[PDB]
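Working from the sequences, and respecting the hints, build out all of it.
So the chains spell out like this:
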Amino acid sequence: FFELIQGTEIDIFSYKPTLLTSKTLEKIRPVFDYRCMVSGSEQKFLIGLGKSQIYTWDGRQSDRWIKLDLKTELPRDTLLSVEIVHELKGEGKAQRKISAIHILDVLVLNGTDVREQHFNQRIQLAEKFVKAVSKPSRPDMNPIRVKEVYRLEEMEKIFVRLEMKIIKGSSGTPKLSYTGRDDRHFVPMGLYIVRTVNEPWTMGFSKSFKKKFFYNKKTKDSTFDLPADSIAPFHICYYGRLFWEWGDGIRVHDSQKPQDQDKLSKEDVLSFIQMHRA
Amino acid sequence: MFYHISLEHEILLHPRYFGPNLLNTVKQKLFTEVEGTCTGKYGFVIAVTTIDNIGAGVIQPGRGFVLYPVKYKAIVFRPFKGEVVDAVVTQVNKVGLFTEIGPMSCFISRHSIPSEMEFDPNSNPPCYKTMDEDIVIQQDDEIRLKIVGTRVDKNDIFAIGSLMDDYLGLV
Amino acid sequence: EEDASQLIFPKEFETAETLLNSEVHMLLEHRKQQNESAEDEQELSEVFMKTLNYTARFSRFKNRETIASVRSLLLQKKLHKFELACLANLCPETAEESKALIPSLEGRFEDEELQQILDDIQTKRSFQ
Amino acid sequence: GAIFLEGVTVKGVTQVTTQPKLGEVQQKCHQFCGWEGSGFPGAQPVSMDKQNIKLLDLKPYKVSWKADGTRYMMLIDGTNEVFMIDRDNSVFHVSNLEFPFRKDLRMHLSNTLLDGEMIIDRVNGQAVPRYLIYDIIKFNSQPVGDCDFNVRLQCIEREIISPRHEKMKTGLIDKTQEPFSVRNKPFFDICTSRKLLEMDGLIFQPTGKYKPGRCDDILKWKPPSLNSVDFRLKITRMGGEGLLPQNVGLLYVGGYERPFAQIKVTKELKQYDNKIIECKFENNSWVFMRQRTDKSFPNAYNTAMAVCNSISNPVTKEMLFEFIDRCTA
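Chains as they are written, first to last, in the entry's author numbering: chain O, 558 to 835; chain G, 1 to 171; chain D, 14 to 141; chain M, 229 to 425, 436 to 567.
Just so you know, these hints were derived from the structure itself, not from any lab. Careful: at least some of the hints might be erroneous.
Claimed, not checked - No more than 30 Å apart at the CA atoms, straight line, and that leaves these computed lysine-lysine pairs for BS3-like:
#: 1; chain 1: M; residue 1: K505; chain 2: M; residue 2: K533
#: 2; chain 1: D; residue 1: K137; chain 2: G; residue 2: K41
#: 3; chain 1: O; residue 1: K624; chain 2: M; residue 2: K513
#: 4; chain 1: O; residue 1: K608; chain 2: M; residue 2: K513
#: 5; chain 1: M; residue 1: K472; chain 2: O; residue 2: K624
#: 6; chain 1: D; residue 1: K63; chain 2: G; residue 2: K71
Here it is as structure tokens:
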């Protein structure tokens, strides 16, 4: 890990997400600077030393690297930001849940550093990597996936994939479930909001040109092309991240009752986003 | 069943470990010695709730260390023959079923699992499922099992459960 | 020699007083909070962690006032401690299931009174 | 021990594991020092104690400011012929560093051996490596080490520096191309240490010929604050019949078969198990300042002890000062 980080400060890996609350909602402005993804476990770092020599770490300097107890393989010199997600198949007694590695972001891929590339661009390299390490002849192996990344101005598309499903062991009580690109779902814990544009830049929408543009708040310059210094590298994306937790009392699907009035609903976050798209 | 009982255990204090505070040393010694243990008569010793009584310290003749009989409220657990208990599945095997009840490993053999719940390695988790694909017992599930018998080995109990009678399987 | 289906317990487990799963969760999280303070004391057993997360997963009564209400409503019922705790932990919904998971409840209570008590359990279950 | 200088990587410097070349480089150093045993020929200084400091009055001394650095003898044999030697005997080839002969600038130096340290420096907030030449053993096979420390000090100036400066004046040498800066540590007569005081201490250098090996008359002074020893940290539960099997942090030193000392094991100390731990001394206790990633083994035992001989019978920041000022009269 110290070799792969090349003298980057270790404290960067210890930063906790800012909780999204009515007091922190203003931080998601401007809306176009952000991406979002549905979380199904706590975030961890993962290092690949080759084959089944895969280890995880929870970002605290006190914590040991733990060997990953999953039947999966990764190239040496691989450093990922991940979560572990169990994918339930079916419902109730017939329900079958399989844990899967879900990549949230990437730093190093088989000795290629990608940390300074744009979040979507880093994810583009990450998406190809999951196919590269894929093993479809080996249904006994634990799957690696990339998270579905949404534009923050399209968060409405996430709630259409939230369903109330009967999980094995929930005493028959339906649980909130996020359904992926396949016939698998997981119980969501919340939603990460990641900044992809670096200061002093920000993304506007031009009503005259019907296109997004980058605006430099210091120079007052505007461009329709991606400025190289507008790119948020991994450390800015990781440090600047918000987390909207989806615990009890939070309404994100219409079948949930009762709502806690001190907690942001889907309707509050979507209304705020709609007011700040324009 | 998760039990709240009172237990008696004797602590041996060498005079090197007296200190200015003597009784806190005995409390830390009891929290070290019996927490996390398992005995055949009293089961899984989970924790010590409240150290009730500290006995009189009998200096053993010829020995140096003092001996404290100690009564203490304790949370324990004991597995029982025929008790229907909730459990977490850890592994589905073609021979049996590794589940957990607390720290206890429980092994449910397939020969005492009915003919509906067949084994499948061809699913990406190897699991227990029927031909209707309705009851799917796989890893990290919440199930219920009837404990037939327990075997204690090396100062710890493991158990054997079953699913033969009614209303057993997935919650 | 022992049999939990007919309350056949050893003589050591005669004064055995039961506990609920949320009671075990609350008291062991209090022990974990005692371990968080009061330093120069190491981490507890692997048994402690496994029991604590095990009863955290299967916890049904999210309030201690819920614990006290279930304990007050069941303790005034002519049950053994074992039958009381196994009912309040497994939480069945039909009185046939109440007699099937616990075969020592055969004829202790009337099955309509038993279904009243099970509906009181499902009334006092803190849902998720 | 392929880390050349820790805190930076440097262009062209490379460990030498080639069997024919290494045996040569080492052999030629032993040769040039007239050195006896195995390993590093370089003169080794010793720590000032209340007994040593009496020597500053027995003969003439020069003094300079130690900085923590790494000890490297530089062997200049030819054209790309420059090499560097470790406290370890590790050998490194240096590439674009060139030493002109003072008479003929077209020629290069051969059969020259230098003593000095590699130090990292600060101007721009970024690391600039420097080699400081603090002594010279051989020049053209000329045995300048048997000459007098001012003679050797001057030699280094006109033979190894002025020439590299002239060729830089002309653009035959773009300072920029060379892996590191090259400089001579300035030394001062004894009487000037009062005006002076990453500089961690003092060095007291005698006027006599260079000697390889342990030099009891070359004195390194460190303020007793910075005294530190590197132990390997081993913590084990210790209550076999004892009531409390509290795990206890034991400290280990090289050469000693059993435990040297004990440290009270902190909640944070634990993850350092098997790894070198660096300790200071304060309260009749040891303390953990940092971790070192550059060694898999502790200090030599007799090193730890000569650390202690230093801490308990210390030469104080003030004791040294009175001793110098009195003799400056």
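Okay, the hints, checked on the actual structure:
1. M:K505 x M:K533: 23 Å, holds
2. D:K137 x G:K41: Distance of about 34 Å is beyond 30 Å: violated.
3. O:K624 x M:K513: At roughly 20 Å apart (the allowed maximum being 30 Å), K513 (chain M) and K624 (chain O) satisfy the hint.
4. O:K608 x M:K513: Holds. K608 (chain O) to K513 (chain M) sits at ~27 Å (cutoff 30 Å).
5. M:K472 x O:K624: Given that 30 Å is the threshold and the Cα spacing comes to 23 Å, the pair holds.
6. D:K63 x G:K71: Roughly 25 Å separates the two Cα atoms, so the pair holds.
Checked against the numbered hints listed earlier, the structure breaks hint 2 alone; every other hint is satisfied.
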